[PDB]
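Novice: Could you put together the complete structure from these sequences and hints?
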Amino acid sequence: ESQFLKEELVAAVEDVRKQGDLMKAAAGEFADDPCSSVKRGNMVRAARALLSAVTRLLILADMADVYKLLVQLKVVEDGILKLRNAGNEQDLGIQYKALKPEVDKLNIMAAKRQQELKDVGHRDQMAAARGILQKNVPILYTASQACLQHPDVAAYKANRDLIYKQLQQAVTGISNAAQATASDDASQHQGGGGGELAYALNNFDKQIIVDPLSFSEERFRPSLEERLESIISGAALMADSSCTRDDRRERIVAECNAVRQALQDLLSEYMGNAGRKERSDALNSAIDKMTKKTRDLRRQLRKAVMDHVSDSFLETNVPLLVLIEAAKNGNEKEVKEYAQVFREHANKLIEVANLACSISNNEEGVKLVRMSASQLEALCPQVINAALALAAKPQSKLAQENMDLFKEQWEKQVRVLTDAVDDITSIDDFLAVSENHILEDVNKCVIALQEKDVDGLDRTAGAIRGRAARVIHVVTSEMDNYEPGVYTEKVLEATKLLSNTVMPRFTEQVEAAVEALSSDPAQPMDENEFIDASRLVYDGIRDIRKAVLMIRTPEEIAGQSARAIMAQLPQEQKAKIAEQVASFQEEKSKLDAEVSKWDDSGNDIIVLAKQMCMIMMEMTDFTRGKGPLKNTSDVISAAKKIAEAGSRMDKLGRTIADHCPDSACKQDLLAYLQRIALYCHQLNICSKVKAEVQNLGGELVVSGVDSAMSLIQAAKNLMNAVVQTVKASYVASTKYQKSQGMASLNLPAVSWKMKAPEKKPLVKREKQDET
Amino acid sequence: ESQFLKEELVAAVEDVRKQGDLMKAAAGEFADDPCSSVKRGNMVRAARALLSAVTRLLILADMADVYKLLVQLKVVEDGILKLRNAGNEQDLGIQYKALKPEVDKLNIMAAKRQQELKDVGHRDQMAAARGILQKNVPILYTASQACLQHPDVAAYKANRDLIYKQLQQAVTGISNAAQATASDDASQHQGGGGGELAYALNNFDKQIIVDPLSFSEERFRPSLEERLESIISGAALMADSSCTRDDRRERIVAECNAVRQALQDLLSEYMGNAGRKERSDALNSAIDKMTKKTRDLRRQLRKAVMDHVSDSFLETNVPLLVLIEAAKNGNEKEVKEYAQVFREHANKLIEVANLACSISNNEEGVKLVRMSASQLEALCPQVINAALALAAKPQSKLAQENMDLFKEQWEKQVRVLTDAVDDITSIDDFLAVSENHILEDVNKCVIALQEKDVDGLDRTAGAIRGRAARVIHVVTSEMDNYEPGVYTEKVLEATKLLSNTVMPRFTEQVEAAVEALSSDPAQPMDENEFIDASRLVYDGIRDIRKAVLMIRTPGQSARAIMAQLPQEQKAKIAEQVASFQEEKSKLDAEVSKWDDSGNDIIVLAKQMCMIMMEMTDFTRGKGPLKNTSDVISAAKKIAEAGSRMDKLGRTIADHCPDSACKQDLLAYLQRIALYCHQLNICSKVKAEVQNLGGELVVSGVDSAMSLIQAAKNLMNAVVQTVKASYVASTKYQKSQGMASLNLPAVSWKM
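So the sequence lines, in the order shown, correspond to chains B and A. In terms of the authors' numbering, the first sequence is residues 82 to 637, 664 to 878. In terms of the authors' numbering, the second sequence is residues 82 to 635, 666 to 861.
Hints were generated in silico from the structure; no laboratory data involved. Just so you know, even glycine gets a beta-carbon here, dropped at the ideal spot from N, CA and C. Please note that a few of the clues may not be correct.
Pairwise CB distance ranges (calculated) [what the hints assert, rightly or not]: (1) B/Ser668 - A/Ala339: 56 to 64 Å; (2) B/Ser311 - A/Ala689: 40 to 48 Å; (3) A/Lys747 - B/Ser349: 50 to 58 Å; (4) A/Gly356 - B/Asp185: 23 to 31 Å; (5) B/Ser349 - A/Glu521: 39 to 47 Å; (6) B/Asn517 - A/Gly356: 31 to 39 Å; (7) A/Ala339 - B/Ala235: 49 to 57 Å; (8) B/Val334 - A/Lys697: 57 to 65 Å; (9) B/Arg383 - A/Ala263: 33 to 41 Å; (10) B/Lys99 - A/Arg731: 35 to 43 Å; (11) A/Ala355 - B/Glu88: 42 to 50 Å.
Below 30 Å or equal to it, Euclidean Cα-Cα: the simulated DSS-like pairs (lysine-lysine) are [claimed, not checked]: (12) A/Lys238 - B/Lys860; (13) B/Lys105 - A/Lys105; (14) A/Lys186 - B/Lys834.
Quick look at which bits of chain A chain B covers, simulated, 3 or more residues with Cβ under 8 Å [unchecked claim]: (15) 129-136; (16) 144-152.
Specialist: This is the structure:
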């Protein structure tokens with residue numbers, strides 16, 4: 082009605098008008114006498130009162146918009162119910178016409194709010210709820226229509242009420258997201274882990290460095306043994322899954338026992354380091370072996386997910402085409418039989434997607450997958466309901482139309498999910514696994530030929546065609562994310578040659594082999610051409626992979668130096684590093700802003716922070732191929748230089764913590780010193796992993812950049828741990844006391860002097876907090 | 082005074098002037114045609130561009146102020162060093178004069194920034210730092226003066242440079258806080274006080290009360306697991322503290338594991354939750370058990386903080402009197418020994434104060450405590466150096482005078498701190514703990530008598546006298562917050578009887594028992610009189626407590672938005688309001704049975720029943736509450752009435768028999784306190800857009816569902832509090848000779 086809602090708005094415009102005047106005058110008097118102290122304060126005083134008036138206006142105006150949205154919502158709500166309860170195709174057509182515009186208005190208003198919502202989690206939630214409503218309003222029409230023509234088909238009634246229950250859910254979803262408030266901030270350190278197993282594993286990597294002998298960790302925290310069993314129970318779901326390879330099952334099992342035995346050897350060593358004076362070198366080595374075994378298990382889980390994407394995401398619409406054919410031939414029992422096959426495969430698809438989510442630290446990507454999965458789950462029974470309807474009336478024109486509507490809808494939604502799962506998995510890993518499975522399947526295909534097994538030939542060729550088609554699709558779509566040029570050309574020629582030349586010849590050879598083995602007695606067949614055409618599928622895929630990973634020198664310790672090859676890395680690999688180095692620069696700029704307000708003369712901690720910041724950046728510039736480190740011999744010495752400086756900073760941090768009487772402030776500082784020791788150890792293990800090189804065609808290639816990815820990740824983590832130390836080191840030094848016990852020091856070693864008030868580094872510290 | 086900023090600042094004023102015009106016109110055209118869609122949007126986009134221009138101005142102007150502050154700072158800096166290095170009482174006096182104003186200016190500018198700093202921690206550093214700076218600039222003067230008069234007293238030089246060092250530390254502290262970055266660990270910063278653990282616990286309760294998240298739980302398990310482990314980190318400091326009782330240590334430990342296991346059972350109800358619309362049944366039971374376990378832990382932390390105030394605030398100047406006596410007798414070794422004891426006790430005092438701060442939601446009380454604590458911290462080594470100086474020259478009259486000035490200053494500063502800690506702790510809690518400790522100490526005192534333990538008798542009697550004296554002090558001052566009436570008088574008669582009659586007789590019995598036992602055993606005294614006098618201490622404190630308790634303790668148009676709610680959402684509310692009416696009708700049937708109409712236990716139940724119904728009628732929404740500002744005041748009206756009913760229930764608690772009814776009555780009073788807090792969260796969490804600011808997500812319809820649920824739970828908790836006190840209310844009325852159960856209400860003085 083907006084009788085009071087838009088009445089307060091008029092009054093709010095007056096205050097903005099009044100304050101605006103008072104501002105103009107105070108602003109004027111200041112401009113004429115700008116050296117005036119008082120006239121200036123009056124103009125600030127004015128600007129503040131102007132700001133309150135303006136914000137109270139904009140806030141009030143935004144409430145007005147929310148209300149307006151909720152009224153449009155109740156309109157579309159009653160519309161959908163009126164559409165559902167329509168009794169004649171007349172009264173139905175009337176409603177749909179009156180409603181369609183009301184849906185569009187609502188959609189626009191919804192889009193607007195979506196933008197004003199700060200909570201990024203809800204912005205995608207609103208977009209989902211809008212899109213669902215947008216899509217099903219027409220479907221509900223066609224559905225509740227059919228129910229009016231064939232009133233005795235329970236299959237239609239069920240399907241209609243399903244789309245309606247879906248729509249009403251979306252309407253509430255819109256309402257729910259529309260009222261999300263107010264200001265949120267997602268953590269960058271520590272955060273954010275989308276996967277429950279991904280989070281658990283990363284959390285455990287932080288708990289191992291802390292001493293569990295203490296009464297603040299034994300009687301007060303869940304034991305490392307309990308935490309690890311929560312990981313193992315998660316890794317168990319991955320290994321015991323139906324879609325998991327028996328070869329991979331035994332790898333996770335082996336890694337779980339390996340990560341378990343690595344903890345017992347660490348727990349027995351924490352008893353040995355009870356003195357905690359000089360940190361045991363036997364203990365530091367036990368922490369290193371522990372942090373390595375967590376990494377190894379993580380990598381096994383990654384590949385375990387990759388095997389699922391390779392095996393379950395090929396020829397996905399096959400059960401549906403079979404179910405639809407049984408529905409077309411009006412076989413009332415065959416549909417019900419193929420419906421349970423179709424539902425089981427959809428459940429397998431969902432399972433593979435959820436597994437992929439569990440190990441992904443891509444919070445955003447994981448949400449899209451889970452959203453896409455839940456939509457597939459809701460769509461599945463609706464597809465089955467359309468098939469059952471067609472099975473009862475295979476001649477009915479509407480049953481043929483509805484089936485086709487859900488036929489293209491299911492294919493579309495399976496596509497949305499597979500692309501979402503492709504986004505949370507590495508293309509490199511996918512290609513390496515695809516290649517391994519193609520080789521295996523082509524080998525099985527040729528053995529089927531030699532064993533005169535027509536069944537095996539057709540089923541192995543089906544898996545090859547499906548996997549080969551999926552590779553072309555994942556690579557083509559990935560090529561869209563890159564600037565067209567020399568790189569994207571070769572990668573697309575390779576994909577076209579596979580799909581347009583290699584795959585068609587392979588298909589023809591399979592066809593001919595099956596044909597020549599079907600007619601009795603076994604007719605002549607050129608096994609040479611068959612073997613050659615199969616060998617080509619593997620060669621085709623291997624070349625696509627060769628192109629995606631192609632390390633080239635220009636644009637228009665074998666081979667070169669470790670930093671030169673890093674600069675020459677493929678545009679695909681060069682992108683992932685640039686993203687991680689940018690994420691590191693974010694944490695690097697935080698240190699520079701902190702270390703600049705301090706004066707060192709005087710202070711060793713802030714000197715060690717700068718020295719570490721320097722060497723830390725050389726290692727990230729080596730992965731960029733622009734660093735002064737020429738070989739892995741320079742990188743290992745750089746990881747040792749930060750380890751020496753990280754230990755010197757650990758020494759100075761413990762002394763300030765010892766002189767600190769307040770155990771609350773002391774507790775924070777010592778924790779960030781444990782963080783430094785962990786990421787110091789994690790950077791030395793990242794310098795040990797060599798950037799391996801592979802090739803078959805001749806031209807050398809680097810498969811995966813996870814070894815370099817983890818070095819930037821451990822550096823960014825150390826950069827955050829050092830800034831939070833320098834910060835806490837000062838807070839503890841303000842509580843500093845006259846030592847009369849151990850260690851004796853009346854005057855502190857490090858002097859916390861503030862830098863002189865300077866014009867230019869002050870205007871740069873504001874621009875750092877503004878961005 | 083940099084001019085680049087003064088130049089930029091004018092240009093900024095121009096954009097604010099230009100935008101201001103464009104705003105005036107768009108605003109004008111709208112006022113003449115307010116029903117206009119387009120003209121309105123033009124006025125909004127204008128207001129947005131006006132806002133950017135205005136904030137760009139205010140930000141730039143605030144940089145100018147920060148710089149200006151840092152320049153005043155370098156001035157005061159060099160001043161303090163020039164004051165130290167003064168060679169004559171001439172130049173010294175010259176400097177102090179030139180500096181004193183420069184210190185005042187700096188102090189003002191500092192105070193300003195303090196206000197603009199967002200995160201409270203920084204705001205405390207600023208306050209503390211400014212305090213030390215303010216206090217020691219004069220002390221540095223008198224100190225560096227003495228050195229000039231007695232150049233061969235190394236003790237003075239040491240003291241002076243310590244003051245200088247502290248002062249320079251405060252200056253850097255000011256500088257450091259002044260440049261406080263608004264976002265550390267992705268804006269986890271509270272901005273609103275008081276305690277870090279108090280804030281953490283309250284934010285965890287909000288993140289669990291209004292958090293259905295019907296689409297997916299992407300950040301549900303990682304945020305709450307990080308928040309609970311942050312709370313457990315704080316509770317560990319409370320439990321592992323030296324001044325903590327081993328009995329209390331095991332209670333916090335037990336409550337941490339209890340609040341941890343309560344979260345796993347809640348998360349498994351959310352782990353096995355895929356695509357569910359509401360699933361409110363049985364899931365709310367796991368939310369309820371979770372919200373109770375957070376209250377139980379906080380309740381344990383509260384009492385833990387209370388045990389520290391009871392024990393550590395007994396003897397405060399005793400180590401100092403001992404240290405001063407060794408100094409007076411010129412014993413440097415003795416001083417150095419007692420200096421460590423004195424410093425350790427001061428550190429204990431500080432520790433108890435900081436702990437109390439961590440659980441206080443009193444942002445302003447907490448600041449005074451932290452300020453007072455930091456001043457004690459700075460004062461402590463200066464006291465020790467005055468003692469060490471006197472120890473070397475015990476005949477030195479200046480050393481005697483300085484000792485006395487520092488002694489008086491310590492005593493006053495310790496009193497300021499303890500009164501500040503008394504202000505952030507509930508008098509009720511203090512008295513309940515004081516009572517428990519008195520009983521324990523009197524019991525130890527009598528056992529000491531029976532075991533002919535003179536040491537124990539003197540030591541236990543010392544603790545009793547000290548605790549009793551502290552109770553009188555904490556109650557007496559507290560009474561200077563009320564006006565004369567039957568309340569204040571009865572509290573004060575009880576306190577006088579303790580101090581003037583009970584305590585003196587107890588002291589005499591202790592004295593006589595020690596005198597007799599220090600002569601020739603056994604029984605040269607009357608154990609009966611001793612036992613009787615000790616019990617009377619407990620009875621006296623118990624009576625003070627009873628006396629203190631019998632008292633009467635004194666987002667716009669959101670309802671419109673509630674009326675336009677979806678029919679699926681509106682159906683869910685109608686169901687919950689019907690479930691509430693079920694519990695409402697049970698109360699109406701129970702309250703109509705009472706003999707008295709004028710007694711406060713019935714009128715509070717009816718008053719709460721009334722306000723409780725207005726909040727459920729707002730969610731319909733046709734309630735008399737216009738918006739969130741009326742709903743927050745309604746949640747505080749039931750909180751005030753729920754606390755008045757808690758005082759009535761505790762005063763009547765000793766009149767219900769079989770002890771199982773006392774366990775039950777007190778249990779339903781803790782149910783009321785929980786659901787009054789639960790209802791307060793639901794109203795407050797809604798108001799996050801109207802005023803700055805917020806930390807995590809909150810939805811209107813989700814907060815509404817939790818509000819009806821917390822109102823239904825409170826309607827059941829009030830009906831079971833009244834039902835468990837039908838006979839106990841009539842027994843108390845007959846006990847005092849009252850016609851009807853009535854509590855007096857006295858308002859604040861001045």
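Novice: Can the region 144-152 of chain A be counted as covered by chain B under the rule of three residues or more with Cβ-Cβ separation shorter than 8 Å?
Specialist: Satisfied; 5 residues make the cut.
Novice: Would you say the C-beta atoms of B/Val334 and A/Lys697 sit inside 57 to 65 Å of each other?
Specialist: The hint (57 to 65 Å, Cβ to Cβ) holds, given that B/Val334 and A/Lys697 are roughly 58 Å apart.
Novice: Compare the distance between the alpha carbons of A/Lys238 and B/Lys860 with 30 Å, and conclude whether the hinted pair is satisfied.
Specialist: holds (22 Å)
Novice: Taking 50 to 58 Å as the hint, is the beta-carbon distance of A/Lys747 and B/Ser349 inside that range?
Specialist: Since A/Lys747 and B/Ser349 have Cβ atoms about 57 Å apart, the given range 50 to 58 Å holds.
Novice: Evaluate the given range 31 to 39 Å for the C-beta pair formed by B/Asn517 and A/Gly356.
Specialist: At roughly 35 Å between Cβ atoms, A/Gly356 and B/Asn517 fall inside 31 to 39 Å, so the hint holds.
Novice: Hint says 33 to 41 Å; check whether the CB-CB distance for B/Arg383 and A/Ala263 agrees.
Specialist: holds (38 Å)
Novice: For the region 129-136 of chain A, does the count of residues with a C-beta closer than 8 Å to a C-beta of chain B reach 3?
Specialist: Since three or more residues must qualify, the claim that chain B covers the region 129-136 of chain A holds, with 5 doing so at under 8 Å.
Novice: Has the hinted range 56 to 64 Å been met by the Cβ atoms of B/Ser668 and A/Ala339?
Specialist: Because 60 Å falls inside the window, the suggested range holds.
Novice: Honestly, do A/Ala339 and B/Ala235 meet the 49 to 57 Å range at C-beta?
Specialist: Given a distance of about 52 Å, which is inside 49 to 57 Å, the answer is holds.
Novice: Under the criterion that the straight-line Cα-Cα distance not exceed 30 Å, is the pair B/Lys105, A/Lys105 satisfied?
Specialist: Answer holds: B/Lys105 to A/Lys105 is near 11 Å, not above 30 Å.
Novice: Between the beta carbons of A/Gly356 and B/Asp185, is the distance compatible with 23 to 31 Å?
Specialist: Between A/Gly356 and B/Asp185, where Cβ atoms are some 27 Å apart, the hint holds.
Novice: Lying within 35 to 43 Å: is that true of the beta-carbon distance B/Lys99 to A/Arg731?
Specialist: holds (38 Å)
No hint from the list above goes unmet by this structure.
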